[PDB]
Structure formats: structure tokens, C-alpha cells
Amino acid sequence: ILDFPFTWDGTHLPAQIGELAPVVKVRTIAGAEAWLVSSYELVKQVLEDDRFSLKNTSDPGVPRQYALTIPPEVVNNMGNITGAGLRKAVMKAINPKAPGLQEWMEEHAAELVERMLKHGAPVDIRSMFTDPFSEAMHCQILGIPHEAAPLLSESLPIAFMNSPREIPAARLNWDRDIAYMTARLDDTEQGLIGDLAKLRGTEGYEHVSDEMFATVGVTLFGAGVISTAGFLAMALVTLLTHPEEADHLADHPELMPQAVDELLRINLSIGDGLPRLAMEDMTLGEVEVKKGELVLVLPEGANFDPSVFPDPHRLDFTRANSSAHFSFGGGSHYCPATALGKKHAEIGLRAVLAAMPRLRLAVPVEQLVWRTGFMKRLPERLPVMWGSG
């Protein structure tokens, strides 16, 4: 019996990945059977076929990867936002081209980096950079006060838990976070919450409750902040384990857009599978998947498939097909925020590398503490030091 996940240690690809058949039976954190899918070919096939349903992964009594920390219907969040007529408002808010946002992200990154320079080495670049940068950007696009980020952010280490059991803290924090966004609809003039407040009580939006409106602010803050802060921390882990490549990118800032594609391809921040329930009997490679069975898509399996990414462990900023990675998923549930995610990372990484020469890990790499029982692989602290000039 093979247990999934394999390890919370994000310093390199788990040894198990190179040994997997493209489709393997595993036992999940919740005790269920699942088909783990790890070849580039079959990851593509699952993500691009809607008979492998994300929505149905929260149906009553279905095999689970781990306990829900949200209402079951919120697994279909993007579908619900569309059905409620709120897709236009959401796509506008997550567009990095929104007026002033690029200049705001550049000034905020510059400001956080200057605070790290005034503090001096060593610093925890997660709590002084990746977290505050990701949090404040999400307050900015939601339209809410930046001083709300600490309190909403406090929910995140529990909200994205991968637990064998129901987490009582998840419901307490959800209700608190929903109440907070509900209050913001009454006093917010700008960004997404401002937009939603203008739609509320107008023709065509009679079917949208206050709770449904609030659920858009809570879910986009949570999914955006955990994925952006999670990626940027683990992009810094990649660069800190390849300091010659990190030095090269600091001297060639014109590489940054290509660099972010290769950092996404090589990233180890995904600590679980992308879940899909088989809505009918289906052949997947050499495996017969029965209706009702859970399928776990492993993006790191596809992204380190040597038949698509030759020498997959090599960090090659100029890899021609970097952007063919599955770190934003694929098919119908493809991440709607790729433009923002890529731009946020480019600005954040440029600010760090321009100002912190010869950036290095300030502790032995095997002295990092890895978060366990969590959707993302993440070091609890990321202490860094840097040269002078």
C-alpha cells in the first residue's frame, strides 16, 4: 500500500516520483483509495477531460484526499462565480493591467526590500517579503484596508490544511472571514468589493445573497494569497539552492519573464494532488478507472517528466518549453489568475535580486523547517543573507 503524499520536504523532487508508473493506486490522508496520475501525457488527458470532475470531489460520501475546510459547494467556486454573473467583476480585479496596479506592486516590493536592507542580514524573507507582498496585493485588488491583511492571513495556515479529520478552527475562521467581507460590502468604494457592492440590489443580481458576495472576497483572498506567497517562497528556495543561477538572473533582469516560467515548471510548492472524481468508467493509460473513484493529478510528475522536459532537474531559464508546465493546472479549471501570478512573481523577484547582491541561505539547507499536513510545501522560516554594494 503506497501512502500519498510522499514528503513535505520541498528542497528537491521526492525520490518516489522518478519510480512511479504513470498511474498508481495510493491511500490518501483521509484513508481513501485514489489513482495518482504523474506522466505529462496522462496529466494532460485528465485535466482536459471534464468527465474527471473537480465539482463532484465534495459530493456526499465520495473518496476524499483530505477533509473539506470549506462548504462543499465552494469546491465549484469558479462555476458559482460564473453562475452568479460575477465573472466580469472577478476577471477585471485579477487583471495585472488594471490602472495603477503594476506601479503599486513595484513601489510596495521596493518598500519591503528597503526594510530588509535597513534590518540587515539575516532576515526571514517569508515574513518580511513573500507573505506581506502577497497579502497587501490581495487587499489592493479587493479594495479593502491593507491593515486587514494580518487578521485574514491568520486563517490561511488552517484553511489549506490537508487533515484526516474535520478542523473546528476552519469553520470558526470561515464564519469570521465571511462576516468581515459582508461588512466591507457596506463601506468599500474601490476594487473587487467596491464592484460587488455596486452590483448588489440591482437588476439581474436578485439571486446573489450577501453570503455569496462575501464568499467571493474570502475565497479569492485565500486562494490568491496561499498560491502567490507559496510560489514566491518556493521560487526563492529554488534560487537559494542554485545560487550561481540566482546570481546570473540578478545580472540579467531581462531574463525575468522566461525565468518565472522555468521557476513555475521546477516549483515544489504543490504538496497534494489536483482532485477529480471519475463521473464514468474510463481507461487512463494501463488502468481501468471506475465511476466514483478519486483521481489525483500530480503536477510535479508532469513538470519533471524527462520525455517532455529533458534533464528535468536542471534549472535552465532559457528552456524553450518552460511555459508547457502544469503548475497552473489545465483544461476547464486552468488558473484564472496566471497573468497576475506571473507579474507579481516577476516584480517581487526583480526587487529582491536588484537590491540583495549574492543572496544566500543563512542556514544549512537541511536546517529549514518544512510545514506538514498542508496543501503547499513551505519552509516555516527562510533566513537569507546578502553581500554589500
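Positions refer to the first chain, counted from 1. Take the two forms, find the largest set of C-alpha atoms that superpose within 1.5 Å, and that set is the rigid core. Compared with the form deposited in another entry:
Once the two forms are fitted on their rigid core, between the two forms the CA displacement reaches 2 Å or more only for 77 among 228, 77, 238, 153.
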Contents of the next structure:
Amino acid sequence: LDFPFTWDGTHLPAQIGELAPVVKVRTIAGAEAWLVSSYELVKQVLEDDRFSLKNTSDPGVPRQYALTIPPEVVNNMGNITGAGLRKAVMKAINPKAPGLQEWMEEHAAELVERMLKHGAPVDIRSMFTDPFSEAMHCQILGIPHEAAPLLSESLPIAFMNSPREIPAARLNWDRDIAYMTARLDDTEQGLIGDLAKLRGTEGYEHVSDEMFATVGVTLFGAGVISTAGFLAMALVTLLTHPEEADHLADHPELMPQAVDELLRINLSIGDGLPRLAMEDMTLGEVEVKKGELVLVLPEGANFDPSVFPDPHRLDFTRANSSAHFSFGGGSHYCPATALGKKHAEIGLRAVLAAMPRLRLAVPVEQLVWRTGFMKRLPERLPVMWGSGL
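Having seen the form deposited in one PDB entry, can you show the form deposited in another entry?
One chain, no partners, no other molecules: that is all that follows.
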């Protein structure tokens, strides 16, 4: 059995309902892995640090797909440490930072006004989900918003899931590190301004300029692809459930709970969350050997009908929506869940408040699904909307 199963994000792959909780798969890099897909066993793996994320990038171990970050930088990740580093990052991704909610509300409103000026149809990825995600990451890093197009150009290659090394990935990595290194010298605000303040002070002698830049580049990359991927596929969910989208547009007070259910039902994760077994361990009816690759499948857990009865139904009032695994779990639980949810709430409210009776402008089977990539994503998402308010 080959993994992944399909790049089509219109509905849960048929294969998910056919998997045993743990099954042997062949990865894109050609290695063997244990695919874990029940809620109980996804929870088990994610909450047990003997399943190691850090060790999945060790030289020689079985791989899901090729590294896209240069191996010498990957190998130096464990040395990027400091009370002030963790502090700087936690502060930058806090959605309560003064001005940030106001900035996101204005920028979302402006992007939606440009779609309305253009008229239907528009590609809501290129006119909204992408620029709204890219600009917010420029805002929290403290760099100019004109960086968004330069840095974003790397991302369709940087998050590829390739069987082989990707030459473009190194060229783009070096170009992005150079840009972020330059910003350490001229940036006074946000994550980069904070990192510049630590550089050449006590406790930070062990952090190179390259290592400071690495924090900027990887946080920009991770944040932008997670938020732009989620928001595109949250719109795909809403555009395949038009009567629910119409209901949410009329009941904006629902938006906090709606985002939890959109996260639970979301199909943007195109791979598995990798972990390396650091000991012999039992996982349900399977015996995992030390050094074996485990692939956690969030969509398996999230559509497990023993936890989420009627899992294919989009139900904004679903009581346990917030128990999903779309932000992972355990030690590596997304640190930016507060910001990802607030960003989605603001973006989706701006779209639904201004574009009445929002509809797919093409038959759902005429969407073009990105292949060979960490996220399921439609290449374009053409939409139309009715008149008036």
C-alpha cells in the first residue's frame, strides 16, 4: 500500500475508512512506515515522546520524502536554543499583541473590497487566502510587506514531498537566509527586531546570524503554508456546503465554533506527521521496532466515527469539534493555535460578511489539485457571489 492516497481534497479519501488502525505503507522516498489512523492510536503516538519528531531528520533513517532544508542546517537545529529565542517567538505569534487584531481586520476588509471591485469570478486563493496569510507573517516578523512575494515564491518548492533532492530548494533557502540576515541589521519591530536585540549579547554567543535567520525563514514558511493551506481548504469545505456557508454568513456569532469544526473536517494535510520509534513499542496489534518510521494521520483521527459520529457531516455546533488533531498533540502541539484560529475567524468573517451566497464558479470536478506537496490545495479557487448586502 502506497502513501499518500490522493491529492484530491474535495472529500475524505475512500481508503481512510478501509485502513486498520496501524498499517504498513511504502512512502514517496521508498521507505517502510507505520501509518496510524484511529483517534485512540493517533492520540497515543502524539502524547508519547518515545515517538520522536526531532529524530525523523537524522541522517540514514527511513524518510517519508526528501529534506528541502539543507542537511547541515537540519543537523544544527538542536543548537538553536535560548530563553530569549523561545520568548521572542511566543510573543510574535500571540494574537493579543497590541494592534495585530485591528491590523488583520483592516487588511482582510481591504482584500475583500479589491475582490468586490474586480467582480465575479475571482481566484479567492490569489486574491485572499494567500496574501492575507503572507502579509500577516510579514506583520508579526516586523519586515516590510513587500517581502511577501519574494519569500512566498519559495514555498511551493520548500514544502514539496519529493522522492529525490530538489536543487531549487537549496538556491531558495540560501536566497531567503540572505534576505532575513539583511533584516537583522535594519528591523526594529516584531520577531526579527526582537532577534536582532539578542544578537551579540550574553547567553546568545552560540547563535550565528545564520541561526537567527533560520528562525525567521522557518517560522515564515511554517506559518504561511499552515494558514494559507487551512484557509484555502476551509473555503473548499464551505463551497462544497453552500447551505452551511449561507447559515454562517447570517450567524457570525457562530464563527469561533465554526472554525473548530472547519479545523476538524479540513483536508489540507497531504502527508503524515512523522515520528521515529526510539524504543521497541506496541501500538494496538502491531509491534514497532526501534528506528522505524511512524506516520500519524490527522484526517484518520478527525473522521474516526467512534469519536466524531457522522464524521463527514459539517456541524458547526458539534460538541467536541475542538478535540481534533489538525494542530497535532503532545509536546509538538502547534504553538500558534491561538493566532491560526483568530486569523481564520477574521478572514472567513470578512469574506462571508461581504460576498453574499458565495459559490464555486466552476464545477467542483474542474478544480486542479496540487500534487507532490505537503498540503492538498486547489491551484485556483474561482468563486462568484450574489448582489446587495
